[PDB]
Amino acid sequence: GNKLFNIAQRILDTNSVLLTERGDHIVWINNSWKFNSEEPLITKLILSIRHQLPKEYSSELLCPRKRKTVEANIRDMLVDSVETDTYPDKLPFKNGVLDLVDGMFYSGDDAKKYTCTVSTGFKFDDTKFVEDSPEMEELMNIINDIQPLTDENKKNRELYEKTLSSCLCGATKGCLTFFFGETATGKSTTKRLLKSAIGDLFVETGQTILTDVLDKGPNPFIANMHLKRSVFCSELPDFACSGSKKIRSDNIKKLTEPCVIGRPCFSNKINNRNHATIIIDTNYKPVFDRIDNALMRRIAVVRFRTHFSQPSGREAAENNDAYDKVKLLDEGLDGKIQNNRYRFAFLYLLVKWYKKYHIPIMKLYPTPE
Amino acid sequence: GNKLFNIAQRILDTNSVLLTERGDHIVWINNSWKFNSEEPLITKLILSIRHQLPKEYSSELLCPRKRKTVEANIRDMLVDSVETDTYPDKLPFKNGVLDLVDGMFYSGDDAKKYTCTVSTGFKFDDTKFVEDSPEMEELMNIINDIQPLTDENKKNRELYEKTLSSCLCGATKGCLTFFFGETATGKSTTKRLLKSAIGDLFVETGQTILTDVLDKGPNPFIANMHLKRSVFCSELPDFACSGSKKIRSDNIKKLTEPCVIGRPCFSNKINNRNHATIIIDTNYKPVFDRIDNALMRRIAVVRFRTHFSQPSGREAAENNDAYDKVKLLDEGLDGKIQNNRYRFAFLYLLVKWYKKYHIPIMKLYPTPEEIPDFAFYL
Amino acid sequence: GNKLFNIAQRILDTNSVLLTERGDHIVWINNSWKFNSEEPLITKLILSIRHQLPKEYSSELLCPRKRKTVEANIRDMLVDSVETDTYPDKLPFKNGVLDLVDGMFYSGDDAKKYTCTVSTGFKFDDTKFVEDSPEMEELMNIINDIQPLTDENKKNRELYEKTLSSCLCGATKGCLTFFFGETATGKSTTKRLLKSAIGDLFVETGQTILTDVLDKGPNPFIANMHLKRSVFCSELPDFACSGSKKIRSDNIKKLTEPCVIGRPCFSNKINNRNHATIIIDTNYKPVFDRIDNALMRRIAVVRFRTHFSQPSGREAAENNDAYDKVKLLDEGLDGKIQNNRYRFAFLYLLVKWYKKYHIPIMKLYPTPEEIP
Amino acid sequence: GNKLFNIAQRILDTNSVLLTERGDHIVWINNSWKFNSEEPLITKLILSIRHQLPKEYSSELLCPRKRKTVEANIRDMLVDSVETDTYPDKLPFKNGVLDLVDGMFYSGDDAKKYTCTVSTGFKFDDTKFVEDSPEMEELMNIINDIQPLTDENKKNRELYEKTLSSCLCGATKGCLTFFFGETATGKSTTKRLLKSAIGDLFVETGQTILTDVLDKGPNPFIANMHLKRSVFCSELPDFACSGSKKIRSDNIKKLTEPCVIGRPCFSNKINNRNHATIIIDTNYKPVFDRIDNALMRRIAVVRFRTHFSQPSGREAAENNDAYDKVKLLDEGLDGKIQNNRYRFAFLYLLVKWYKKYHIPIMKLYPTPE
Amino acid sequence: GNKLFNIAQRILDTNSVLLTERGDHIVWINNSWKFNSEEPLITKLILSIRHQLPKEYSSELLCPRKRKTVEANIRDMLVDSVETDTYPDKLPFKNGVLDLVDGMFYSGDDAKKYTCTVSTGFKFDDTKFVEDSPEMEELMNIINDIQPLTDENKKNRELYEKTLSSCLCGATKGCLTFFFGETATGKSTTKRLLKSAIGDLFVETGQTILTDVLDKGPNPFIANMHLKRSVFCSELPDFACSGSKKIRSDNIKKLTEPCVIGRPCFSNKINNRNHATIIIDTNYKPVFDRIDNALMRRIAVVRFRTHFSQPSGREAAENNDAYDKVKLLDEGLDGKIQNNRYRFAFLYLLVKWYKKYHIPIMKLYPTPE
DNA sequence: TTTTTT
Ligand SMILES: Nc1ncnc2c1ncn2[C@@H]1O[C@H](COP(=O)(O)OP(=O)(O)OP(O)(O)=S)[C@@H](O)[C@H]1O
Ligand SMILES: Nc1ncnc2c1ncn2[C@@H]1O[C@H](COP(=O)(O)OP(=O)(O)OP(O)(O)=S)[C@@H](O)[C@H]1O
Ligand SMILES: Nc1ncnc2c1ncn2[C@@H]1O[C@H](COP(=O)(O)OP(=O)(O)OP(O)(O)=S)[C@@H](O)[C@H]1O
Ligand SMILES: Nc1ncnc2c1ncn2[C@@H]1O[C@H](COP(=O)(O)OP(=O)(O)OP(O)(O)=S)[C@@H](O)[C@H]1O
Ligand SMILES: Nc1ncnc2c1ncn2[C@@H]1O[C@H](COP(=O)(O)OP(=O)(O)O)[C@@H](O)[C@H]1O
Ligand SMILES: [Mg+2]
Ligand SMILES: [Mg+2]
Ligand SMILES: [Mg+2]
Ligand SMILES: [Mg+2]
Ligand SMILES: [Mg+2]
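Residue numbers (the UniProt record's numbering), protein chains in the order written: chain G, 323 to 691; chain Y, 323 to 700; chain F, 323 to 694; chain H, 323 to 691; chain P, 323 to 691.
Simulated from the structure, these hints should not be mistaken for lab results.
For each residue, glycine too, the CB sits at the ideal point set by N, CA and C.
Treat each hint with caution, since some may be false.
[Stated by the list, open to error] Partner residues aside, some chain G positions facing chain Y, computed with beta carbon under 8 Å:
1. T391
2. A394
3. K575
4. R619
5. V623
Construct the complete structure from the given sequences, taking the supplied hints into account.
Spelled out as structure tokens, the structure:
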């Protein structure tokens, strides 16, 4: 009796358009959920779903001013909203969703039931997601000389693996692991490896979240921390110096809650979902404002005790007692890392550790020693 | 002489669109009053109410171009405004309201006369709002370990219940409450249980509205607690260390009046309604600017003395003077809260406490014998 | 011909649409002058007036496209502006205008030559406007408890009544009465009673109108007092502490002028009409930035000296010298007030006081002896 | 070849629509040049002018849709721009123009030749613009009470009259005047009398034109005094105390120039024409940022020394050296001025003073003593 | 097949519409190129050009709806941008372009070759462009009084004339002139003379271009000086006070480049072409945030010494050190200057000065003394 | 920063 309404009714049965909690629609195209507020794309999904429709229904969609009518009817039908990003054990890529429990990679409408609005930013590659390669053993050699597999450096290696694998889970973690070691120890190597691995779900911030107040006016580094899965806090100054700013313990207490309070510039929204694994890359032993039982409850430390030096100052660092092993610095290492070399090898290693430490239940524990 | 005008008149005779004092249009879709400031929701209602109309009238509302003519007529016929949210003892859900007087759940046109423009955000399940379940047994055990029923902890427990049961009444409360205890005592667990129970009527604000003036420029932290029924302020710092402000005594008194003054960004609205119970989750005793009788009578305190240490620091916690029980930490408890396992059990408990305490009149009372400075001035 | 033009010409002869000096179009719907700056509601009037047009004309006003044509014609017809709100002794309601000189209520065309643009927001009931009722005796008992009718408390009671009754006049007042008293003395109760009595003509603003400037950028806290007949600034803080600003005397001098300068957000209009009785509900004595003869000419004080206590702390109150009387707190009074139970009893009381203090000339006077 | 085009051509030949240099579209309707950017009013003129057209053309202008075609044609036809408000000694009303040199009143095409785009807002009544009347006799007593006609108050009275009468001239003045006196001296009464006399040619702004920067962002407190002939500022704070901002000495120099740089919200026009007499009433002597010969040549002061007091405080006022006379307060005068009682009487007085002080040349002089 | 397309093709052959590089659409009507993003210039030109077309085409251009289709086609056939305002020694008037190095005045199609997109705003009358005239005598007397021809004031008068005549050449300059002097020395008189001479090529801005960063959102104070040949920033404040700004030398660097950056409201044109001579009439010596040797290479100062006083204060000025003459003041001078009395006389003098210093090359040199 | 823009 009235087509352009049966077309809209049929489109609404595939659940390709959803209404979110923020009052704006999300569209499922190119095997991804994307937001409508930026570019109008409820249309151009009609042109895409045109082929899954009867012949006499698909001819009417080759015309503007008729797709706008269909879009109006579709918009007048979505009343109730839905919640997004509810599954913490799924890793969303740019062309599918990887299951962290089994390791299977879902594409198409299989990776649709999980309303994942975030992504790594790069596409997957199953041919590179394999154990043996002229690149996985390079990575294992790169890792094994940063945290040696000895029984002396056994629990430190365990904590290292646990933190690195926990940077995949999309859930609130209460812990503030420190990466403590002298210069040229490999901390930035791990940071760049992780950034190459998990991609866009990664953030490198400054000192201001550990020393300043969090809700005095707007806070730019709070809104971009929404739904991220790993946060690095390098560039730590010296705190043994005179009159230097100390690490605010209340800041530590505020950064482990499931919801962080703060707003960006020119915004009325004050709430954020905390999914991040905050890691502090320090060079000196951290000292805080005050020490109490509520602070020792949210801190862990990982020690880096291996130096990498050129033959120039090899023997000078040999007699140093801050290290446990000295090796030769490689110059092409950073260039190889920045070219996305060990991306999928590191991803495979992280998944292997994840389904070894957190597969019954995901949690982090403090080591106030 | 017009059929799209008769459609609009018939719709307007069902009282499904209303105009409010703030200037917005509210519609009744899916057993709830909904509105959207940026884009009106009248045409959604026109498409939804299509079935109640006769056949020749309903067949015309399948065209987007005619639902605009109908909407224009409806906008022109609505002249006078109405008052909103005038019933305190009614808890609105996404599919009806619950009467706190007797515990009956209404839907349809029985829920429409209470023009409640807020809701918890979820649907009400009848089969889970019961007192016979394993979930209720677990919840009662958890609550009885957080706040034991010993005779030396009888007043405190009662206050506890009252305060929590206050978060269901949409009226102005003239008292502020403190949740004061040491680490690992159960304050955050209570906060998360309450949030899971009452949904979108719960808000978490910033420390900034205890210590900063509330009128210089835009303050979205004040304007966001409009018609909310529970406001939590967490992580109060120590007032002795560096960079520490003090709790302004005038802000405490401002956050007890039925109307608070404060505006959001890019806005000219400077008045908000106060229906909230304000709880400050602290770890050290609060320190105020000045002390007088007007600050005496708006402050209450609840104590948390029960530790939850893992069986490694058990003896060290047994050595502390701030705890009375050192019960074992449950590791999976924080997982079966965010999954809304104890949602309706805690709802039933809150309704029971509300019936017990706030049925004649809802009113909170101060407890000034619990603060050091207040004791000195007492 | 153009029957759509004749309809506009016929509407323009009933004087139901007017153009104001600020650029607004005010229409006359349901015995009230209304306007909406963002959405001009002329088509509302076009639809609601069709019953007064002949049969052949009223049928053409059911189309939403023909109403726009009629509205465009009406817009082109109106050229000259008019001035509004020029009668200070009239009280506008949602369905008429009450004359404070003789207590007569006007409706229809009689209550239309007073081009009032503000209102209380509620209707006027003539059955609840009686002198004798149970609500009236309850209200009188409440008021005589807040301000007793003794002989030492005689000037205070007169000032109280004068201020509360002057909150009805739509003219300019030079004075800044302070409601001063200790805790639980009945200041907020009086404020809420006045709120319930006068409806939308009541506004409550922030304290920045007393301690900040009124012209650095937008200020909706001051631009919202346009044509309001009562303004409250409740619960001023203490000035003895360090870090507290003082009350600026220039802000006091600006707030007693017929026109106050200040603009809202995204607005180019900088002028407001001051019709307000400003009351500062305070618990400590005010501390000013500077004292001179020009400041003491605009300030009055009303004291509150009756405590309302729970039976527990009744004894400690009678030892305090800040109270002259102690009574029992009523737990169900604020809920009764919030339900507009005494809405018309208090209105009758205020009108009775108005035709006792302000009927020849409406003017407020300072009391410089009170402020230390 | 077109009916709605010939209509626009005839309306253009009438010379009722013009284009100013600023970019506005003034039109001549009801014996007045009017304009409104927020409310274009060419269609008002099209509808109002149909009577001066043949019958076959006037019946086509009853359609709101057909008036917009004529307006579009008219907008296309106007290529060149003209300059407005070039006569300083003409006072425009709602229904004509008054010549200040001879006292004549013009209407119709006699008042159209002076492109006066501003107005008082009210009509000129000749039955009230007379010299003998009870209103004139009351007004003379009021003014002689405020400023007595004695021999030590002669120069002050002359300066008072000069400043008040200069508010009718549409030229640029080179002085700022201070109304200095103590409390209850008659300054606000003078302001209200002048306001009721000159109507919409009067404006009141804030103190940010004196102690602030006039160029940052939108400033509608400086862009509202465009082509106005009187600007008032009132209630200056005490500057000898603390917490006060001194009067910026360069703001004084900018305000005496023929044009002032400032723009309102949502507009690009950054130049406003200065025709105004600026008067600053105050209770204390002004305190400036810096004193220089370039400042003292732009400042004049007139003093108010009559006190109006209630019968209870009269005794304590005769002992004050800030007053030279104590009259008795009239309670009903404030409401009598609000109702525009002494409007045409005060206008007659102002014109009489003007054609005594400003006929050869209009210039204002400073009093640096 | 399309009449409204053939009309647009015909109009595109007359070369009456051009597209510049920023995106401006300039049109040629009334013997002058014009552009205005607000006014509808193309639909004005379409209606004005309808006569130089066949009769069958012309009658269609009387409808405002068809004049929009023609302009829509014209905007689509304009794909290539042309460069404009390349002749620096031509002065554009309202009816033609005057050559400075030769003295001829082209008009009509003769002036269309030089795409001079700006204008003085007034027509050029040759009869008043004569060397000998009473107005020339008065003007020479005035300019000689303002700056005398003494032997010590010859290095200053040459720079005065250089910077005054450089306001006619439409090309980027490299200096910022300061007209420094005491009170009542003649700086504003020179400014008014130059304004009345060069008309619409003269713009006046605020001090925010000096003391504020000119890269924040819309900024019509910077966007207004596009292709203007003179800019004034009168009345800078004294910077040795209790809280003051500085001239922000980086702005001085940005104000000498030929592509100063700034955009107006509701527009996306950010690049403005710098053709202006920036002059600031201060009363005190300027002070900057920091001083380098690059600054003094682009700063020039000219002094004013003659004092124009009243007979009341003639004696006190003869003892002031910062003066050389105490010549008597003239009152009716400004009124004559504001009436464009010495417009063409000053124009002739400026041209005579121009063909004396800038004939080989227009360069402005600094004065660091 | 916000507000203005937009
Ligand atoms: N009844 C209970 N039985 C067992 N474990 C519990 C019980 N109640 C709470 N817990 C757990 O014990 C821990 C107590 O931590 P919280 O109460 O959330 O922290 P807290 O009280 O806010 O102390 P802070 O935040 O450090 S001042 C959490 O891991 C809870 O999940
Ligand atoms: N006549 C009355 N009889 C009994 N109770 C009263 C009466 N008037 C007021 N009350 C109650 O007594 C209490 C007094 O509180 P308020 O009226 O707010 O006094 P207050 O001056 O506002 O005190 P604060 O602390 O400065 S806000 C309230 O609970 C009133 O409801
Ligand atoms: N000629 C007059 N005869 C009688 N009363 C007068 C006269 N002129 C003014 N008044 C009244 O005297 C009172 C004081 O005059 P104002 O105009 O307020 O003086 P003022 O300069 O404004 O003093 P401020 O504002 O406190 S600094 C007002 O009530 C006037 O109505
Ligand atoms: N050559 C002249 N002969 C006669 N009068 C003159 C001459 N030059 C200027 N004047 C007048 O003398 C007065 C001097 O004012 P200006 O020169 O404009 O002020 P100024 O030099 O800018 O000093 P400022 O602006 O106060 S710091 C004006 O009224 C001029 O019209
Ligand atoms: N496993 C490794 N084998 C060889 N060279 C390494 C290895 N890890 C790091 N390096 C080199 O040693 C340097 C370590 O510095 P970096 O990782 O930045 O330490 P830090 O972050 O503590 O300064 C890097 O430049 C890197 O090229
Ligand atoms: Mg590094
Ligand atoms: Mg906690
Ligand atoms: Mg109160
Ligand atoms: Mg005054
Ligand atoms: Mg000057």
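- Of the hints stated earlier, which fail here? Failing hint: just 5.
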